[PDB]
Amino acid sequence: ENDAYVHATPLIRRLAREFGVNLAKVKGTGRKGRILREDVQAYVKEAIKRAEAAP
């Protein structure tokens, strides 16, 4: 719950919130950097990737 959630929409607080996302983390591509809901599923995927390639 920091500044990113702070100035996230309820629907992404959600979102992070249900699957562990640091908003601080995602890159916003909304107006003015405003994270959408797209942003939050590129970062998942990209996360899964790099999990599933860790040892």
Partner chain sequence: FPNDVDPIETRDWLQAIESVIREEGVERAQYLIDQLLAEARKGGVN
Contents of the next structure:
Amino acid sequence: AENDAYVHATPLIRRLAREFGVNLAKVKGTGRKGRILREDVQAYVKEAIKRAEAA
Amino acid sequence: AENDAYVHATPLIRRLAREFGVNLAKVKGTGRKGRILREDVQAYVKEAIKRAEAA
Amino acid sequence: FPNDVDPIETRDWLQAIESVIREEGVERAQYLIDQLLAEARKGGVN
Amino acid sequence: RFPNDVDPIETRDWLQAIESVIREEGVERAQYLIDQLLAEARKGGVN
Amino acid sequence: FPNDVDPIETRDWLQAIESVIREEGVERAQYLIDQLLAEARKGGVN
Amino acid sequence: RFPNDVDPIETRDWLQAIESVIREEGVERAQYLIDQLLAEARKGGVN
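What would the structure be for the form solved in complex with the partner chain, rather than the form deposited without the partner chain?
Up next: the whole complex, starting with the chain shown before.
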């Protein structure tokens, strides 16, 4: 398990992911040092809804 | 188009739905007079991720 | 005609006051409008 | 005049929302939104 | 041993400081800890 | 000592997060979280 295998995110984004059932292990972070940003979660959720509304 | 056909939600929940790509027409509101609550959006998103992570 | 910097956002505020009126009635919308003006005054709107 | 706020969680959403607009976009934008809201509400017979 | 009213939440704070240390280093974590204490003092923590 | 905050958006998330805990759960809970964080950070050689 190198650093890329680990989730990096602030307590705010971790709470947001908890509240919406997002597994941050599945979100690609684009912030500094790979941190997962609010916009990364938003993009992930938008796409999940898309795949679900198209099942 | 009777009232049940219309979305009822505060500007806060409408903004949240915009930010995460949620079509509030698809969310069942459980608040007073059928208003769509934060918890209704959360439940909807949790389930959409579930269906998508299981496509 | 003043400029709307974000009409998608404006649309959501306007749809929100429409849905209060439709589902809760004029009195409730008057109360919320009164509350909203007071909070905006605390910020600087008026 | 007004009863006890029948739904303070709803009211809080509105006040928080305009608060956020003021901080992120400024008082001119919040003024614009409130002006557009008042004009909309008048169509529904709300002053 | 004091009570944790929400360990799932605590776990996320602890994983957050671990990930700062891992990805950004001890100096960055010291800065954020210093900033966090100061903000908490403004609230009432100390 | 410390350089200019290399990432103020990150810092803001932390400060906002503890702010929210204080308001929603109170100073005792925020004190508990900060205590647990300090003990965790010490394991990583952070004081």
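Residue numbers count along the first chain shown, from 1. Think of the rigid core as the biggest set of C-alphas that the two forms share within 1.5 Å after superposition.
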Rigid core superposition, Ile48 Cα moves 2 angstroms or more between the two forms: no
